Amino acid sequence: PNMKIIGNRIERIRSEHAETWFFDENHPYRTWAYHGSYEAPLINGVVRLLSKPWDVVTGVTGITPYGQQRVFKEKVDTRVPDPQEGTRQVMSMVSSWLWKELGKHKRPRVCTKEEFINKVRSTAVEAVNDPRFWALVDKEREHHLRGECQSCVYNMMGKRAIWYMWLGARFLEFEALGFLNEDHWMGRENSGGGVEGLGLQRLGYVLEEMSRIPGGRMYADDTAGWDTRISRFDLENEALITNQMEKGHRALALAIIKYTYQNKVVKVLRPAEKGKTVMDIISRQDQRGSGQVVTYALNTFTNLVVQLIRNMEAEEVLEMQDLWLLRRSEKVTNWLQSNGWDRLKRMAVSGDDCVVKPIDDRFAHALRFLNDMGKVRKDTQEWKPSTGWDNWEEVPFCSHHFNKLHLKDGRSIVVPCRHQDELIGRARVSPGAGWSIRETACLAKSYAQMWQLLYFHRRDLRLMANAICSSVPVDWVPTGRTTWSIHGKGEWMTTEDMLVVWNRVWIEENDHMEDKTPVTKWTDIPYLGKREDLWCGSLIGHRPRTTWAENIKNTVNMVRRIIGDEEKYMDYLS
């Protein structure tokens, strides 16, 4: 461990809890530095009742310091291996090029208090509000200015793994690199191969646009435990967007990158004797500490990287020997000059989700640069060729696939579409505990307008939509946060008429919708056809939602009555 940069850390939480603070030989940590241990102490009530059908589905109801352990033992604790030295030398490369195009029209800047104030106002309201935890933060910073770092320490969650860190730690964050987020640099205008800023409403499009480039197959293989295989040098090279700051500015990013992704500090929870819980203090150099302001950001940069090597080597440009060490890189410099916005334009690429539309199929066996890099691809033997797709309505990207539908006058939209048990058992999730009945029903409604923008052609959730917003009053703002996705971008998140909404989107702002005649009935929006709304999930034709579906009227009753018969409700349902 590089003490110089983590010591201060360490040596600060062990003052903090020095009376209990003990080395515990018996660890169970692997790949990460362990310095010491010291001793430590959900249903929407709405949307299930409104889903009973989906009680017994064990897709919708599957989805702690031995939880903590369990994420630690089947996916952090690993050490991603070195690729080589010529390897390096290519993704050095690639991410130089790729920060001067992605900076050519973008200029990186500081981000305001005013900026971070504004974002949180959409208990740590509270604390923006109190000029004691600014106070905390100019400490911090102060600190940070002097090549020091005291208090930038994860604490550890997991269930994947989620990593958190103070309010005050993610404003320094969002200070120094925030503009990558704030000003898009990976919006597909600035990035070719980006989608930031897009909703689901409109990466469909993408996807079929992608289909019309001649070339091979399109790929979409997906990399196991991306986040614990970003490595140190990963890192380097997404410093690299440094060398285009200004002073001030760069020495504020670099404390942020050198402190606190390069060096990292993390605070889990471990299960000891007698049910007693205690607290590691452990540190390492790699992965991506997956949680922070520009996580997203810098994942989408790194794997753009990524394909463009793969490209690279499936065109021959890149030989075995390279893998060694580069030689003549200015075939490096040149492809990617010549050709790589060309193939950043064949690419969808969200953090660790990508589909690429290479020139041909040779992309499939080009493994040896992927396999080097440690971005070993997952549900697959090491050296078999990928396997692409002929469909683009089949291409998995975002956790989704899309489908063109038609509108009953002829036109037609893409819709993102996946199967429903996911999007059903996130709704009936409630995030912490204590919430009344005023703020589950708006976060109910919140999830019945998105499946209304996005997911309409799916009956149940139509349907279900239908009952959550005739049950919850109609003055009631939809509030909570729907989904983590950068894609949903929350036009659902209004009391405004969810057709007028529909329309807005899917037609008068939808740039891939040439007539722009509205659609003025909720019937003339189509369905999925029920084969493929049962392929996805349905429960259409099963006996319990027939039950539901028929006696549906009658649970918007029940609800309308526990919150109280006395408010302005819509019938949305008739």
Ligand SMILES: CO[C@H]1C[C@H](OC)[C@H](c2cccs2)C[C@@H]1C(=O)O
Contents of the next structure:
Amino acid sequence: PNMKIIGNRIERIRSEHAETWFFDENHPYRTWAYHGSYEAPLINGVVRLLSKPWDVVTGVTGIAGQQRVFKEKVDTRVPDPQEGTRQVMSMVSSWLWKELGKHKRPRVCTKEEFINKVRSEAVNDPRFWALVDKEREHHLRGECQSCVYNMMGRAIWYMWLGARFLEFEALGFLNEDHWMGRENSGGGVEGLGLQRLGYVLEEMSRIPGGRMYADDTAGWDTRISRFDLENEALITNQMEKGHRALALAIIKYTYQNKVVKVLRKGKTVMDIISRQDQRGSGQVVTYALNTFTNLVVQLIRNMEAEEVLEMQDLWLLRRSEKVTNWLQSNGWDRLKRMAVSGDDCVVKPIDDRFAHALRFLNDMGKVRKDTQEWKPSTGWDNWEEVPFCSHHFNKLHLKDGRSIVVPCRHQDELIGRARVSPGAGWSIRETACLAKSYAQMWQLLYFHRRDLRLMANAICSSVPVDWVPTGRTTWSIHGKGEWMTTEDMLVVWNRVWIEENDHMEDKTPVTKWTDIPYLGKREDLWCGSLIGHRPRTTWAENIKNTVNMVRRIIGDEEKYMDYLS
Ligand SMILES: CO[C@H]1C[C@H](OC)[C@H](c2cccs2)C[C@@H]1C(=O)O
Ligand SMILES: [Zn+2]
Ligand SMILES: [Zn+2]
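Since the structure above is the form solved without the named molecule, I would like to see how the form deposited with the named molecule bound looks, so please show that one next.
First the chain shown before, then all remaining chains and molecules of the complex.
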């Protein structure tokens, strides 16, 4: 650990718990530096009432310990990549940052920009912004007192709103100005909704070349190296001095010299640990930086596949001109052959040599999940089967014959998520408004699933028509929230799928839900439908009674609409 960079944060924590602070010689940390310890101090009823057949489906109820996740997934170390591999990573990262910045200029994001985003509160308190100003002052002198994570076990690293603001101030431009949008990056998909991603995969399927590859990197955030963090930091070279000072401090304390608080006769202690590599999951620009580095990784894999990089280049890259020529000649074409959303990627290489191009990938520590380290990847011939962003995408037809490309995933995950309510002491109003959000999201994106179109209509029939949807149905950047409204969902469906859909040539509106298709029965069943299963048949036959019961609970004096008739 670099005690000159992390010492101030450790001292501040120690000062706040001086009388319980202690050093535990039997701590379980192996790859994280350990500094000390101190003594530390759900269910959506509306959806559950309307989804009885899923009470006994473990794929649903399972959706609703920290030390265990830490020991197995976060407390690991990987060897450094070889010198040649590191030179290739830096060259490709430098080239990519220059391409992304050709038509965009970095900028500082404002307090008002952050305030407008949070209203979707400590922000309306002048004392919170005073804390923010004090920490900024330390950063401008080369010090950090409070940019510390609280690790909560997949591992999510939390940070106080003030540190997130300082990160947004210095690097939020990557998000706000869409540096990873498809127009700017070629291979990125930032800003596209799930309603558009299938069309991107279908466009890629038509580019001549090999199969479509969609390999996952096992524990992506844990495999981000100190070299990846240095290459991501090259964006500071495009910033003016003042902005650069703010960004260099975020990179130094939040990204590269991290300090984390983790919990461990029924008593609990908090441990203070540190690590220089890995991605601190949950940062304001975690998604943009993951997309950046995954684009760099896939460009390198394509160079190895195309024999631009040879096995002698792992040890030392003697001559760099071949890599520069490949990036200038082919880089943009290869970026357009990718769809990269953070750690998720689909690549359409120029041939199938990509399947066995694993030397640089493995030397970089970007090991594929569920495949033997040196077994060639298996590509897909059918774009409709390619996994991307936890979905697959299928082409269906409206009653009038027009095709549409819709997102799909196994239905248990969707119902399981809708049955979860984050927050205790929640009234039936907050609960019903979050249920309405899920149901309207299903009407917009998963209308082609028989069980979800019915369940959504039952939920919408059970919640007062004037109640505004609230809460978050997903954390995915591809969930644009068009369903968070009291506007008629058939009107919103038309806006999303017809009017604003550049892949729908004929703009004729759709005037009835019966013109909007379902998947074929076989596909609906493959993806988890309970159509034809007796408990589901009973639930559908009894659905009007179940809706009347929910309306009685919420209040028969409210105004309801029958979306089931
Ligand atoms: C990785 O998983 C998420 C991805 C996905 O978008 C790509 C989903 C969306 C739903 C609605 C709009 S986007 C949400 C989903 C989730 O919450 O698990
Ligand atoms: Zn700080
Ligand atoms: Zn499906």
